[PDB]
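Chain B is fixed; fit chains A and C with the ligand onto it per the hints.
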Amino acid sequence: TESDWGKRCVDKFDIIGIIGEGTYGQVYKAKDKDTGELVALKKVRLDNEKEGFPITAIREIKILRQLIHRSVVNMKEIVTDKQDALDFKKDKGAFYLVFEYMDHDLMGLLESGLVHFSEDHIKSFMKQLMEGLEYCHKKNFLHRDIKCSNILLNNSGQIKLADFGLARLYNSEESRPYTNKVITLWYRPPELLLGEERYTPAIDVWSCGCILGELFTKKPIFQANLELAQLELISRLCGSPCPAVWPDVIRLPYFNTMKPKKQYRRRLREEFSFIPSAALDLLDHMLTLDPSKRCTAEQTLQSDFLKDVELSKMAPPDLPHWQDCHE
Amino acid sequence: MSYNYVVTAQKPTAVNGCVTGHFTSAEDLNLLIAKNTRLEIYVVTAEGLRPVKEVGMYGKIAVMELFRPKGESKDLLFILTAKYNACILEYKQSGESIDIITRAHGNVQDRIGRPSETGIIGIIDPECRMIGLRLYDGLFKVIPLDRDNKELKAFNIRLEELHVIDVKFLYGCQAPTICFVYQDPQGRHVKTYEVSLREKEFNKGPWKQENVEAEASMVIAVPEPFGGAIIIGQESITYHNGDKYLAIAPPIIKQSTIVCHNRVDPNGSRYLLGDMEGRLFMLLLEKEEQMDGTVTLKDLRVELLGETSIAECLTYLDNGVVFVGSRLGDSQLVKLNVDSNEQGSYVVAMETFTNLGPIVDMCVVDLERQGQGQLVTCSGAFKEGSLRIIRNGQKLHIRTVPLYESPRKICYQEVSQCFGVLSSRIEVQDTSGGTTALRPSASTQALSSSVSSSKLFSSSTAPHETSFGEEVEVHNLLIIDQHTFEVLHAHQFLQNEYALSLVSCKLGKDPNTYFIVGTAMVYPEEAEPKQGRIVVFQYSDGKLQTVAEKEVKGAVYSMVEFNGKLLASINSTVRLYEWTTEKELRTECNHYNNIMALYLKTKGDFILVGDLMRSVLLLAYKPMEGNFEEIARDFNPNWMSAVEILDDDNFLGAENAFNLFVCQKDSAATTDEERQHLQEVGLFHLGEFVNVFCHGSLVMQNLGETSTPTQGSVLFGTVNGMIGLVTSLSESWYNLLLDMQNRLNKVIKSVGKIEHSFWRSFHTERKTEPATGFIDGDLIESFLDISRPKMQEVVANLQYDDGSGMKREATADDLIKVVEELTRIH
Amino acid sequence: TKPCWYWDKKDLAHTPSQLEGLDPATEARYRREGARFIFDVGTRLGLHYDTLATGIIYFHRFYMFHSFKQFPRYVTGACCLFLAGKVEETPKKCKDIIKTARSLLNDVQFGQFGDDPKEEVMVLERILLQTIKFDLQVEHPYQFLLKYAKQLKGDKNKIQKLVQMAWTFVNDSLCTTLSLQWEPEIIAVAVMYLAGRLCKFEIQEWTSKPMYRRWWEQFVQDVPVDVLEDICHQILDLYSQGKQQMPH
Ligand SMILES: Cc1cccc(Nc2nc(CC(=O)Nc3ncc(C)s3)cs2)n1
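Residue numbers (PDB author numbering), protein chains in the order written: chain B, 715 to 1041; chain A, 1 to 393, 708 to 1140; chain C, 20 to 267.
Bound-form chain B, shown alone:
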């Protein structure tokens, strides 16, 4: 049946090429020989035999078979290399996680600088991301690695979330130490910089707010190589962490240790004056220092900017054409 994963062989796919270097293996583009559908194959190698099957992959297999959403990527099946015959101990063959092939990833479009986002295109983009995040957050799952690379999109304009390798369940009732600094520095929330270890789903929101600004500026908002440097840049725009804006900031391990040069005032509305008013308010709420005062995904979807966006009109972005390739 369709549900008996792990048995079908990778022979059933014609491998097209190398599209990414992942975390637990390389990722290849491929075509299904029977249906012709294009799929992306993530390789999982247990040959290292250090800790067996990577937990990063286990998380993706566990979570993505639970999550069903238009804006969250679909694991179609899991297939294997031709296994040795009646000798599992000798068998070191790898396993593949089959995914729907999504045409592009955000960064490649932004890095090339070929993509131009109208207000309406951004509205559709953010709404799909927020709706996918809300689904995941409602199911009490935290992405913990929101990045432009992880946001896949098709030329049709459909956006899907992708890298769930670092994702973990969150329980409000039971707070336990979690992997620190999960999100990449450029999109990392201030709480992780201060080392909460008991972080809220609001961590993903902060990253998505960073993406919102980057879509308008076409340049990432907070680019730094050091954790303290990131805090300074965030502090300049969003304001310096202070007890008045973040009553519980004093409880964070590094509050006293990590300090911005000055107690900067908030300047977000001034520096993003070019952003439409409806979107600027969303950014102010998404980029709020205190996780308890930071907006939720549902609240972003019930915002003037996104509430009246209609998903029927996907409005595809302005993607490069041959004339745009020509100079």
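The hints are simulated quantities; they were obtained by calculation from the structure and are not laboratory data.
All C-beta atoms in this analysis are idealised placements derived from N, C-alpha and C, irrespective of residue type, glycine included.
Any given hint could turn out to be false.
Stated by the list, open to error - As a list, the in silico DSS-like pairs of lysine-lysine whose alpha-carbon atoms are at most 30 Å apart: (1) B:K790 x B:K852; (2) B:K975 x A:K1081; (3) A:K867 x B:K976; (4) C:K112 x B:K721; (5) C:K118 x B:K806; (6) A:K917 x A:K936; (7) B:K806 x C:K112; (8) A:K141 x A:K1063; (9) B:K745 x A:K979; (10) A:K979 x A:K917; (11) C:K88 x C:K112; (12) B:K895 x C:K112; (13) B:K726 x A:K867; (14) B:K975 x A:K200; (15) A:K83 x B:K976; (16) A:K150 x B:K975; (17) C:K112 x B:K757; (18) A:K867 x A:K83; (19) B:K933 x A:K200; (20) A:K70 x A:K1067; (21) C:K28 x B:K803.
Claimed, not checked - Interface residues of chain A toward chain B, partial, derived using beta-carbon atoms under 10 Å: (22) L159; (23) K867; (24) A869; (25) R947; (26) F949; (27) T1078.
Below, chains A and C with the ligand alone, put in the same frame as chain B:
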């Protein structure tokens, strides 16, 4: 890691901007000409221009304006680079010693902002109170010109109008006032604000908003006698000033878009206008004086003067002389006469300044069998299109072959003692239902001619409507003699067929040498072409014969011969064709993991593929299997404008951000993944847009030439006419020259006090990285031009490695010899 | 889409183990020993109750597709616990599971791990994942025991006694094939039903529908008493067979 060396063989020739004023002395009339990274200073004479000084800047010159604040004897120069390095410059001369003073400097880049569509705009107040900058959408940046602002500190004023087309400071206002055209969903509008340095915000402007032409492009600021502003569009020219409104819409300007303007009479009576077809107009302001004693603008008139080169900048100098700054063609001095000549023109050319123009493609060919090699470049666009034959002999000798149409590609066919050149010309939908060319050109003046009669796409049934006056491109293959450079034959391709690639080669067991062209059927409706051809021609006995045609489902962007087979890139697909004994192309194998295979290069059974954005790919042809294998790919996403193979392991690429990078096989076989990963080991911001990489050298080889430290030779052509050269180094030689650069940068004084390390830093709107793996040979070659005290200061405590003495101290005379050898590679 | 992980009692007469000549009693004992081995090893390591249950569920499902004569149970058990830890985000190093398995097993029993215990366990991970069809998410009676108990209102002490007794019955049911017969929601109800009978409590009074004598129907739809009695019979059989008695 990899070690490479980059030098300029020909400096940028295209004119990016030009201004006049009193910069070198309050008495002389100056002409400052800005080429990319180069500033040229001239003094105006009665015969022409006297050059006085040229400086290079570590940055692309984006803004260039002369101004004279109260208290100065002479004009000061403001320059802003494309990386947002601002400076104020002063000319100072002590007898025979000429130097440029940096009076103020700083970087005005904002942390958060959206770069504007119409690019950086810089303007200066008529009272020289402030510098206005339009860098980002929704923001207006003000640098106040007070005596104390030596760091050029500035503030931003929120600007409600997000999409600004053009802005100028107005003349005749009680306060500093800006007039600008902006676009919102309701069309384009003209609007004014007053700028308050005290309040640091805009105040209500002197006159109300007026709706203007949908394609209103430029704002002309009228001087005090009239005041107000003029707005130039596609169809109309309008004057605005409070309650006064004028509009002239002469049919002559509708034909071609006007791109440049300048003021002939300081009082504003006469302005000059130029258009994309090279025509030069005079815009006349017809005064009417009232008994009140006030002077008002009665009417506007436009008069056609003649034809100039397609000009990026015009500047009227004195008497009848105008300097025409051309980016797409050769620049000029022309004289405007009061009496027309017998053809009806008032414009007569005086001098012509060589502009290599946009170098779309180029090849190196030893025409005279000299072992040297000469560079034939596809240069210019439209009427300025040309083939330029360049040889070394101390200056470069350049020959110009006028084509009067755009040359797309070039390839040399020795067997036929001729070149094949792809070209396109502009025709316009005429009343016959066909099209008419605006002027005769190479494809129409061929000795013999032919037109494709291919029936491949003839089934059509796809409607493409034509409106009178619309432009079309007509593509041709030109056969051009290598000695006379006379057009022997022109072959015209199908209607709406664009020629994208050209090779000359033998295939298979066929002894004939063919011209092969890859095309794309381009229809405005299609974002990406879905039809195309590969056409095999034979040039024999003065005629071009169609030998075979292969239909493809896309655009043949690039082709390259591969060991008797034809390697062609059709959209995403990279395909290898065999040439059968029946003289038809037969597909052998395909590769498909490419967004769009814009560029192709081959070495052995290896192929370098350049995606538009997933960077470079190292393919290999596996003959035992009859198919391709992916060897390794550059996973950092970068746009590609041109690629080249340096050696079996190193690969060179150019980004559209004016950045050069080198990728290498990771050469670690522990894991398959490492080998499949291509590591960018070289990063270098060039400052030019590279279109063509080409193996070869222009230096004369008598076989007596001392073996230079540099190994290899790649020439590249750029949009601004700059020709450069990339070559490799050993680790020892790199370290020596790199350590020397760091020493030279501390010694050499930069114009605008721009850090050299910053200038070469790989920079994209998103990223900035320090340069690596590249030696700025233009910096190294400047060691020979610095004074003796500076030379000895540079060589202090400098040690070599692996020489006769493992640690060998350097002297100023030793390094002079080393650099002098390095100057001999071009 | 998703696999079926529930069998009928009658189907357990045809497991690979049964068909290789193993009798029903031996496979039953072999399952208890493996489950309890998983339970004891993980308890020593400090593992959450869900992690223990997940490993046990993997274990039970595994031997629906394989025979006990060809796959040593204690190796399989250790492998299931090793994978369960990663699935439930309570990871342990395989060497530590072996260390604890050695502490608890005698020499004859640890002989299954062969000459290289870690290798035998790590190698098996491949078969385990394929066998459980990469369906890693598992629900357990515990969450439903608490979800349903939270909707009971009345004497704090009588309901807490009900929960703990039912909780113990859940732990004891992990040694049986009930995991392979009934969804966890039903198991949670059956243990509430069993404890109520034993403590002589009438649970309907604690519900929002105190005159609805079939109190469980509001928690789990379409469950006959036939099922809850079959489950109760199977749980109490363990106590009767063993020296141990109902907790009460
Ligand atoms: C260097 C190079 C060349 C070609 C492609 C690439 N990477 C690229 N991937 C995409 C699309 C993508 O990630 N689709 C996915 N669908 C399912 C997944 C789990 S991921 C576009 S460009 N890199």
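Hints, verified against the model:
1. Of the supplied pair hints, the one linking B:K790 and B:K852 holds, its CA atoms being roughly 23 Å apart against a limit of 30 Å.
2. With a C-alpha separation of about 24 Å, the suggested pairing of B:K975 with A:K1081 holds against the 30 Å cut-off.
3. Only pairs whose Cα atoms come within 30 Å are accepted, and A:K867 paired with B:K976 is rejected, the gap being roughly 61 Å.
4. As the CA atoms of C:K112 and B:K721 are separated by approximately 27 Å, the hinted pair is consistent with the 30 Å bound.
5. Between C:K118 and B:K806 the CA atoms are separated by roughly 25 Å; this keeps the pair inside 30 Å, and the hint holds.
6. Only pairs whose Cα atoms come within 30 Å are accepted, and A:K917 paired with A:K936 is accepted, the gap being roughly 13 Å.
7. Between B:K806 and C:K112 the alpha-carbon distance is near 20 Å, which keeps this suggested pair within the 30 Å criterion.
8. A C-alpha spacing of about 28 Å is found between A:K141 and A:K1063, which places the hinted pair at or below 30 Å, so the restraint holds.
9. For the hint pairing B:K745 with A:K979, the CA-to-CA distance comes to about 28 Å; that is within 30 Å, so the pair holds.
10. Of the pairs offered as hints, the one joining A:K979 and A:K917 holds, with about 15 Å between alpha carbons and a cut-off of 30 Å not exceeded.
11. Of the supplied pair hints, the one linking C:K88 and C:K112 holds, its CA atoms being roughly 27 Å apart against a limit of 30 Å.
12. Distance hint between B:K895 and C:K112 is fulfilled; the C-alpha atoms sit about 23 Å from each other, no more than 30 Å.
13. In summary, the hint linking B:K726 to A:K867 is supported, as the alpha carbons are separated by about 27 Å, within the 30 Å threshold.
14. A distance of roughly 26 Å separates the Cα atoms of B:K975 and A:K200; the hinted pair therefore holds under the 30 Å criterion.
15. Restraint check for A:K83 and B:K976: satisfied, since their Cα atoms lie roughly 28 Å apart, inside the 30 Å limit.
16. Distance restraint check for A:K150 and B:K975: the Cα-Cα separation of roughly 25 Å lies within the 30 Å cut-off, and the hinted pair is therefore satisfied.
17. Between the alpha carbons of C:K112 and B:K757 the distance comes to roughly 23 Å, so the proposed pair stays at or under 30 Å and holds.
18. Restraint check: the Cα-Cα separation between A:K867 and A:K83 comes to about 42 Å, which exceeds 30 Å; the hinted pair is violated.
19. For the hint pairing B:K933 with A:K200, the CA-to-CA distance comes to about 27 Å; that is within 30 Å, so the pair holds.
20. Between A:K70 and A:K1067 the CA atoms are separated by roughly 25 Å; this keeps the pair inside 30 Å, and the hint holds.
21. At most 30 Å may separate the alpha-carbon atoms for a hinted pair to count; C:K28 and B:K803 exceed this at roughly 33 Å.
22. A distance limit of 10 Å between C-beta atoms decides the matter here; for A:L159 the minimum to chain B is near 8 Å, and the interface restraint holds.
23. A cut of 10 Å between beta carbons decides the hint on A:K867: the least distance to chain B is about 14 Å, and the hint is violated.
24. Interface hint at A:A869: satisfied, since its Cβ lies 6 Å from the closest Cβ of chain B, which is below the 10 Å cut-off.
25. For A:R947, the suggested interface contact is upheld, since its CB lies about 6 Å from the closest CB of chain B, less than 10 Å.
26. A hinted interface residue such as A:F949 counts as satisfied when its beta carbon comes closer than 10 Å to some beta carbon of chain B; here the least separation is about 6 Å, so the hint holds.
27. The restraint placing A:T1078 at the interface with chain B holds, with a minimum CB-CB distance near 7 Å, inside the 10 Å limit.
Consistency with the previously given hints fails for numbers 3, 18, 21, 23, ordered from lowest to highest.
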